[PDB]
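Apart from one protein chain that is not included, each protein chain of the complex appears where it belongs.
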Amino acid sequence: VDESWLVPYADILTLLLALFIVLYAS
Amino acid sequence: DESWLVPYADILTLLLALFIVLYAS
Amino acid sequence: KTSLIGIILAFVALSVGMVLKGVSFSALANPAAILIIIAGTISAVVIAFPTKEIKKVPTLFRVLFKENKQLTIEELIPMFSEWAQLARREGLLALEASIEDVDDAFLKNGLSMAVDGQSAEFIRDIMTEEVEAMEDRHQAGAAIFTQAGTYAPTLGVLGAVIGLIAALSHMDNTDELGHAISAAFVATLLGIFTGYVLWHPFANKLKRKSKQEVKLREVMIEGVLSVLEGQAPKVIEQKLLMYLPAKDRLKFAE
Amino acid sequence: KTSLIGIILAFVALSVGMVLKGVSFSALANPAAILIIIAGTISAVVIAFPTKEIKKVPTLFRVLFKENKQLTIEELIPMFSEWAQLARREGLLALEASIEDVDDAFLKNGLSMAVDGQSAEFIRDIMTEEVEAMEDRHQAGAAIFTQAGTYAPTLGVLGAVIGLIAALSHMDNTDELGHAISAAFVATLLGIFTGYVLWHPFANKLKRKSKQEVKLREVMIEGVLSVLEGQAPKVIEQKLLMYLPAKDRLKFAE
Amino acid sequence: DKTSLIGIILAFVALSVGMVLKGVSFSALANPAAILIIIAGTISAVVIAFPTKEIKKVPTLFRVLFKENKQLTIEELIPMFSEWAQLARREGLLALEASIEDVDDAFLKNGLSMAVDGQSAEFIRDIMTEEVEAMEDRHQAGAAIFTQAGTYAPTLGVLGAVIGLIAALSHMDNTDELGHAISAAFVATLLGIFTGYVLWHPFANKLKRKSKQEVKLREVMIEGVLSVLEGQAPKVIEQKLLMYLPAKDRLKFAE
Amino acid sequence: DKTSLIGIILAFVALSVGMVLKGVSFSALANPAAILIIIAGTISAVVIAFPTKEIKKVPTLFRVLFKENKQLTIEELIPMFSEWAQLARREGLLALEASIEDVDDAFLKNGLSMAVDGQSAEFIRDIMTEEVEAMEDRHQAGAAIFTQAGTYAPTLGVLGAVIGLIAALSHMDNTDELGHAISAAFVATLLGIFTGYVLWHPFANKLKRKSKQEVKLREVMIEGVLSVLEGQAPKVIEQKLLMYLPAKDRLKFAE
Partner (left out) sequence: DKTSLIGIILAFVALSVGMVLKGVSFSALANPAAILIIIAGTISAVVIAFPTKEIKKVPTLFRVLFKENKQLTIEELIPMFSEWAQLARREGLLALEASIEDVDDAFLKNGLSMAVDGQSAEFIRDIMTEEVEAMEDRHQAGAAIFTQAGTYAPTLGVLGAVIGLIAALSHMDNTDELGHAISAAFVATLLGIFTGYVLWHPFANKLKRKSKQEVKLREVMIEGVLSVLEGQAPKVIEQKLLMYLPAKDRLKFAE
């Protein structure tokens, strides 16, 4: 029950999130 | 240690797919 | 009963918290996006365990609902004290104390052998080994449900990212995005529902019922070794009253 | 006393965090789908726990606010060291000083087994087993708040995924989405809040008050073994003043 | 086996007719050569951490999961034991036929031959408990490789995903190739959690569970050597060691 | 000090000139809502989480981070010890003047007094062991405050982040007021994860490290006083207690 890897996975989700936020411009 | 990453990853997946489906043009 | 009134409340909580905001229920009905989750956690738990899947998965899925009609602690005092008084009268030859003891087999191997066997440093150790083996066997099923609770939301994450790959690649034909994005939504919904409202609390229920059984069998240990000497049967009523809580401790006054 | 200030400070921190960012806080108070967190969380802890959820939870939820006005360590030294002198006056029979003793039966059985109980090692055995059983019962207490804190944000974001599959099953031109998907995220806010700022620190404060009770009762064992041996007030303070901070050890000079 | 390979084919067909039903035809994870980052990265992170005495066991305990233990389960040991201890009560402790056809399994002779030779009724128990705790520590160090590989594999998968996303965004990200490039970059973290959470953590778990079953067998053998050094009546053994098998089969043990 | 404040200003300048090279220049860093959420929430969660006897040690701990531990490092105990045995040999244990030179040490002085009043060879051992055990209990209770503060801070980062996502989605969604709000309302998880993981978990760690250093110092005090109680050889006291300091300072015993 270590579960010590969601740290990079949440980061790429934040990053691709803000990516599709800034692409959402129209 | 902590285990709060479970809801935080979920809201990231959800707002992710939200801006995926809004990315339609 | 306490297992049932929570499960019906959790399913009706899902159901009415959907139907007061959701519109169809046909989203999670049959995408077979649950096939990542429903078959995924069962695949992971059958990889994870050595032939305890047709043997012990539904067996203690059944004992998760069995209301234990075993003798709780508050009726062990009018059970062991008068038996210790009987042992003070005539000795350890009370063969008429176990023939009516039509109960669990944890009692007979301490009671019936009291006429033909030493029990102080012998039966205490045997009962301790037996309750440790019981704790290991319930640890097996508690482990099955903890592991189901750990592989289930990660399989929801996995079905979600399958839906993501099918979402932004299989794209630009916008009336096709149902069973990619809603597949991911139902996937993470199944991951955080089936597993967090189900398999972590089922694991906790098995652990808590096992600890109730541990405390019950250990106060049975102290009772049955109190029978061996009959140490002034009201003096027996202080070395075990601490196990029942302080609420029903001042009730014990008669 | 200090949990009151914290709950008031946590709610006002939440509410000013609402009104500064632009949350209306009346629509967050009424989406009407807040049973997914409240009834969902209590469903998950009723599945998770046996019949100790109405029969145990408010009983220690009002111990979470009850002030520990039970025999602090700072005054506990002159309660002993006169009893230890009084044992060394006429013998180990004078129970007449053990008359007020309003804390617990833990002093009653300890002192009344020190006098007229002819036992030395049998003292510490039953006293330490009683404090271990009390510690296990408070572990069973704090586990409820621990588990509710674990299951609350997952069921909140379960409310969020139900809200977003409700919102994207619509016509969704400009304004219904946005508003309904924000009302979806009201559920994950309640899951995060009620469960991270409440149930993990309530579980934590039960653990800390359990540590305080175990400390205050393990320090009493030297108080019982002292008067059992009939010690002197040159030894008591050199034996048990260590269980109070250095800021209060020099204040014991008068 | 009958649990490992069935679960492997369940998980693979689950992924397969999940992906081909959700709308991707299994070639998105077939073409990328960036799945070397998982396969070489896990080996690197293991070979930095683990001693060479405990690595180069990875195939030879990767294959021990599939090998079911058809060697002395409990329910065929209660007739097997109290047979040597029975015959020793009428022949003698010097009956060295108790070892020469029990020599197929070398764990049992470590106490049995040394008890019929040396009067060491606690010392045999002491060294046998020492040996089984050392074996439990050895199997923990064995399963540690699979636990740590399960920790490193999704981290290395998203470590491939970040490389893919930099590749996707650096070149020409203003068209519909952005969806294909990110998605075929986002399959690397799917490789991470599929090949990496549903195999290596369950194989680590099965190492742990088979170790628990094996040390249960070994503790049964400890009570066997403690009862064969003395020679009780066989029924007393038959209620002594009986508590380790499940109580469903305890009532079935009457034939 | 000498490691605390250097690292704190190093972490703050790392954040500052790692942010001003990249992006924002502290403009969307002091919008006093997410700051207010994380700080007021963290202090509220730790005052809920801890009783009033333990929350009345936050400034005491929060400055014992910085106040350096200049009290009898182990290498100067060797001239401080290794002459009491000559005092316990030339005139014996009847040195009533022995406990007056204990000018800066917690329980050396009472320990030496209960050493010189009577021969108590096991009594001093378990008294001082219970002393250091209660002191480590108190310092575990101390470091638990910063540990749990570091747990509850990034959860409040997610809390402020989802408050801001509610504030930003239910807003003007044309081109920029979605983006400017969702930019400004994401500093909660930045300042929450920064305060949780770069401040309060290393602060909890440093309380643990200083507690372990002080406990090793108390143990070498125990061995020193139970060497100089009975009057050991003063030449082998260095053979007894130099092991706690490394060979880098054992080879500095060449003056």
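Labels for the chains are A, B, C, D, E and F, by order of writing; each one numbers its residues from 1.
Here is the rule we go by: a residue touches a chain if its C-beta (ideal position, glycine included) is under 8 Å from a C-beta of that chain, and two chains touch if they have at least 3 such contacts.
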Residue in contact with the excluded chain [from E:5, E:9 or E:36]: E:36
Omitted-chain contact residue, chosen from E:51, E:59 or E:92: E:51
Which residue of E:75, E:76, E:117 or E:130 touches the chain not shown here: E:130
Residues of chain E (touch criterion as defined above) contacting the omitted chain: 32-34, 36-37, 40-41, 43-53, 127, 130-131, 134-135, 138, 148, 152, 155-156, 158-160, 162-167, 169-171, 173-174, 185
Chain A residues that touch the omitted chain in the full complex: 7-8, 10-12, 14-15, 18-19, 21-22, 25
On chain F, residues whose C-beta touches the chain left out of the figure: 2-4, 6-8, 10-11, 14-15, 17-19, 21-24, 28, 69, 175-176, 179-180, 182-183, 186-187, 189-190, 193-194, 197-199, 201-203, 205-206, 209-210, 212-213, 216, 236, 239-240, 243-244, 246-248
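Operating definition for what follows: only the chains that are shown with their structure count from here on.
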Length of the line joining the C-alpha centres of chain A and chain B, rounded to whole Å: 7
Intercentroid distance (Cα basis), chain F paired with chain C, Å: 41
Per-residue overlap in chain F, given as positions that touch at least 2 other chains: 151, 155, 158, 162, 165
Numbers and ranges of chain A residues touching at least 2 other chains: 3-4, 9, 16, 21, 24, 26
